[PDB]
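Only one chain is shown below, in structure tokens, and it's the form solved without the DNA.
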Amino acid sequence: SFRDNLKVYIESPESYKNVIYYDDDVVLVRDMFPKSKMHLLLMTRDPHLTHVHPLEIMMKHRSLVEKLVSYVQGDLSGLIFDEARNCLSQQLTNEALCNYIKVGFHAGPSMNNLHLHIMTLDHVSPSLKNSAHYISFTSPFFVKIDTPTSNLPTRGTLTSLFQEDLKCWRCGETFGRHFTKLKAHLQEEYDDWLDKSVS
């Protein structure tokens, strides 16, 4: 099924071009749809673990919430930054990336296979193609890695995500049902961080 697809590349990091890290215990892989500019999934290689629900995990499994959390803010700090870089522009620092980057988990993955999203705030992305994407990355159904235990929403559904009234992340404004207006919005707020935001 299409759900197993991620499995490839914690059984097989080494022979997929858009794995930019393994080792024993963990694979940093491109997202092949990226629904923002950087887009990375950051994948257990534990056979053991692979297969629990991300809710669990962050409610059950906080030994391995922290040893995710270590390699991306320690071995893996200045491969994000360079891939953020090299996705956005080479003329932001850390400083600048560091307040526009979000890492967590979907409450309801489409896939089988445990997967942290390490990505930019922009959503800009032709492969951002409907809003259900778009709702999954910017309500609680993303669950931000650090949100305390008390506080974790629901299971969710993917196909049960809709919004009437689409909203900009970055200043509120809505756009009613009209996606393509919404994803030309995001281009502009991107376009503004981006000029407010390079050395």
Second form
Number of protein chains: 2
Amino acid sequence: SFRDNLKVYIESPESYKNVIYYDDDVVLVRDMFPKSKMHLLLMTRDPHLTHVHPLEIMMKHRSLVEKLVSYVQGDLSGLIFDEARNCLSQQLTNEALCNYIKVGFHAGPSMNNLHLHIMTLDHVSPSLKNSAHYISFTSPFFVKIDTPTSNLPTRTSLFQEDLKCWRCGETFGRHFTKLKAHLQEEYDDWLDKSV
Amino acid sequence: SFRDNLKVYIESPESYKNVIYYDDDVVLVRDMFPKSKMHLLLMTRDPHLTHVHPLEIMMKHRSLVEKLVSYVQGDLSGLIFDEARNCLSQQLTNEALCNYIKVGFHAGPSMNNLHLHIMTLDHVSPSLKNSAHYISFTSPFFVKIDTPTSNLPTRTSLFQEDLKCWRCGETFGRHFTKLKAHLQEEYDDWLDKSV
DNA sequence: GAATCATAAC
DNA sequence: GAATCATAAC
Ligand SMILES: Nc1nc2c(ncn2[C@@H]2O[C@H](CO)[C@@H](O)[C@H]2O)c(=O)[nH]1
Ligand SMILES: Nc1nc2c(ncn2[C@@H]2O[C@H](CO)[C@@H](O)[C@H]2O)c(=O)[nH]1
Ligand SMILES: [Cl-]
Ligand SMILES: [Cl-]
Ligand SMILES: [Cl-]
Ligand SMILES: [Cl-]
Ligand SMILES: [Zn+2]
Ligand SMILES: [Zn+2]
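So that was the form solved without the DNA. Now I'd like the form deposited with the DNA bound, please.
Everything in the complex follows now, all chains and molecules, and the chain you saw is the first one.
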């Protein structure tokens, strides 16, 4: 079903032009429907963990979490910063970008194969088309990779709540196209300040 | 009601920053929801014609039609080409642009105040959000300003028909997001060829 | 006209 | 997960 669509990337990464990196253990691929200017997925190729729910991963598979984090902060940081530069602006330094990138799992992923999101904060993107998209990346539904186990969520109902800017906290109620306009403004503001 | 929203531009053009030009007779204003990279409206300020249906205008008010056309081809051509350059690419010549602009009325306008559309052909725009938007500008629902009276439409049902590229005629059925992707490609192609 | 919400079918 | 269609309320 549609929930298995990511399977191809960990079985045959060598043939996908949207794949940025692969080895025996992981695959780093551009999201087909990016929810920010830059939006990547890092997927484990391990057949025994790819179907483990990301909350169970966080609770019980610390070694994988730490391996994922090591790729992002280490060997793949170059690729990731360069990709962000390709997607946002060519003259952004790594330092400028390091605090404009978030890394995390969805608490209730629609796809079966374990995928870690690596994306810029802006949420400026044509593929961001409804409130549920936004809330899923800016609420506790987005389980940041460094979340203490004692703080992991579970129960959602966040998707009926009011929209708030992730950067300044302005509320927009359920007015998603107002939020969209504001996210573009926040991004122009951040970009102008950062170059 | 919402059908009267354009009234403000012909009553108080002097205060709107989206107004490009006004005199006693007409107002040229940026559409708030542009359906192409460049999308302008030219509105008569005449109180006795602004509420005349555009098909009746074409049938019975040749002098207005011809006045509108004269503004577009003459005194406002400079503004219009410069605006297109601001919206598409700064190094496009007028000749390059003259055949990438269409001028016309909707056959069934949602707004009460007579407005002539002046827009680029691309239909590449975030405000183009559904098939009805597209069809309304690329089908006979779009009454080109130079349409012979003997060829004017009336009856619609075009809005249930299949989507076709205005530039090459490829059909997309009712797959609007496929059409969107293709319009972007057609535009990149046109732009690369034209600069 | 725009925009939010709900609903199939994949 | 995406996307088409329908439906209020402005
Ligand atoms: N690269 C890629 N990403 C996808 C595909 N299908 C869904 N996604 C994204 O994967 C995430 C699933 O939680 C969402 O961000 C989806 O937009 C796909 O076929 N390829
Ligand atoms: N400039 C402007 N255009 C509008 C407004 N409301 C609707 N339109 C556009 O006017 C046209 C009406 O047929 C459509 O292209 C609408 O998107 C408005 O308030 N201001
Ligand atoms: Cl680590
Ligand atoms: Cl929008
Ligand atoms: Cl004329
Ligand atoms: Cl799209
Ligand atoms: Zn803000
Ligand atoms: Zn085409």
